[PDB]
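Next up: just one chain, as structure tokens, the form deposited without its partner chain.
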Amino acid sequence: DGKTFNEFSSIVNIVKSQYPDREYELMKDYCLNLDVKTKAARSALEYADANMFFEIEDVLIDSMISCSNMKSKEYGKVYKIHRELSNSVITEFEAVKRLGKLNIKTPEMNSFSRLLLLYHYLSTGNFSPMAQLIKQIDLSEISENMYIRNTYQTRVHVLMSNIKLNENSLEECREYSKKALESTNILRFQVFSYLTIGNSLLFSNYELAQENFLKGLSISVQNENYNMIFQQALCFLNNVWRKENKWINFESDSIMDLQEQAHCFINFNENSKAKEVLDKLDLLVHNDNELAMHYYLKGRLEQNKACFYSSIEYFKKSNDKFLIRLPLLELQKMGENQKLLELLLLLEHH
């Protein structure tokens, strides 16, 4: 009793093997009984955060911040900052400021302070500073906690894959997602790895794209949020290839769902229904990448080169080098000059 394995993966690996249907129930009861001054408790923290077991995470945090082991206290403090940042309790500026005031000592939290900043960049769609930031992480400095060493490596593979996607560097994108999948048994990371591989194939391989989305759908059947994410991914895939789309949510007023309605109606020369849908979208407040997609759809319904120029403008603003291929193709179909196209490819927004 109170005896811990030297590496947290042992109890996790057992739980996933022998009792996979009770993983939460078993792990919450185990992690909430750890002495929080211990390496198992510090490992349990990262276990809870990777799976978004917020209920387990919050309790570890509050216990660790108040304990006398400075390592646990520091882990608690910066995971606290990540939860309060990922949920808009605090801004980006005061998180960076709070992180600086910690003078972080451990290599683990030096890595995670950067990961939580990268997650906030992924959240907001702000891809430009992500390359620099993710190059500063050096996980080889983590020598004492191999569980955290390994889980963080999965986190970096998944983020690198997402970065490579937006850079339209798709072979690398798929390499990083495959390294992610080989390295993990955490549902969240498998899910986003299958979603990224499939998205990376959106413009090249319909059947392989679909196959990855369905595999991801298979492992998250009873998670309403992941399930919907894969359905939306499949819906977009079928609109890109201009096929019959049985994934469209017609009972939704989210931007993504309505745009897919319009994209399908446009694909099938249902122009009046399509304008009705874009009528609906004009009364909703769009952000940057949503606007990019909005002008692409308007450019196609009106067959108007101007609206595609607007689409390119907003894709460049968000440093989306992947999805920008959609308006660039339609401009070409309208006979736009080759040199112009290359120029639009080469120039960057900054």
Second form
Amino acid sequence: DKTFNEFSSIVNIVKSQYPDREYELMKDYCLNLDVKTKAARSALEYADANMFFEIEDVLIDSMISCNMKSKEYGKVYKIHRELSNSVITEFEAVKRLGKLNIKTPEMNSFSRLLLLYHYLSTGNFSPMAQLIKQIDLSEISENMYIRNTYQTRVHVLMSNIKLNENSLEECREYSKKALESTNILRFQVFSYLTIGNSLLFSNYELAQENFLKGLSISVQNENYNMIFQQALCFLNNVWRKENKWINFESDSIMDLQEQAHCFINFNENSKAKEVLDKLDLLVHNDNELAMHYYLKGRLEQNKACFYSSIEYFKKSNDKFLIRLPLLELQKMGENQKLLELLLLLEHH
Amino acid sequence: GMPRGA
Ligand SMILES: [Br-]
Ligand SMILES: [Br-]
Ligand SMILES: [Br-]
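To test you: the structure above is the form deposited without its partner chain. What is the structure of the form deposited with its partner chain bound?
Below is the whole assembly, all chains and molecules, this chain first.
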């Protein structure tokens, strides 16, 4: 009345026998674990990886409250949660992680992973390649559930870094490795998203097929469902097709941009300027601003806007989406050697 | 824009 020595044992049984009640059953099981154990530390990673924020936040608070290992796990998962909610800035997160004097290989791995998630989500890609290389999962010796879930996390992050570097075959290979390594829906979702994204400029049908695969596994999750709607919306704008995925009832930057893109695609510039006139009023991270300038460049047919667009793609270190204003400058007959030079040089 | 995640 006892725990398995590896958390995957009970996970795999629940997924095999009771897949439609995984959350209900695991939420009950995890929240009754003794926080001092390796099972509870495993359950904390299970909950975060699944974005079961309710389960994870209770395990975090309990673990911090009252052993050595469990306290450390609670404290840096809490830093990840606070940073991902903007409760603390990156500087506070790094300062706190430093003050923890982290000892486990597991949390020294996760301390780097949580910064990687923050860089991805804030459109600040330049630090990621060097930071992810500091991770050495082979040092994780005791908890194999965590070594293997972290391995999946790293594959999906590597896939995103290769996408951001315009290394598209390698991007797809890493998400394919992630898919083969995992049974966690969250990682399958971002694997199919990233594979589909990598095909955006070359293969409409296969990009669509991957996003629709994402849709099929995301049915019952409104956030994941939204993501693939947004992915399909961007795909259809890139290819300047009729766009059945636009969200006209949204004031997010992501959805407003695609409204404008589609308006421009279909010769409704007054309506697009309205949208862009709404967008100038919102805080953009660098990568969002790069897209903003691209849209204004298309609306205005103004090369200066495409130059500003590549400036912020260079700043965010996005070597993929910069293909958009580069293609526009080409159509406007910009010097090929100029475009080669801009590709060569780097933001510092 | 383009959704991203991991
Ligand atoms: Br205590
Ligand atoms: Br439209
Ligand atoms: Br402009």
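Numbering follows the first chain given and starts at 1. In this text, rigid core is short for the largest set of C-alphas that superpose within 1.5 Å between two forms.
No residue of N168, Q153, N110, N267 other than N267 has its CA displaced by 2 Å or more between the two forms when the core is superposed.
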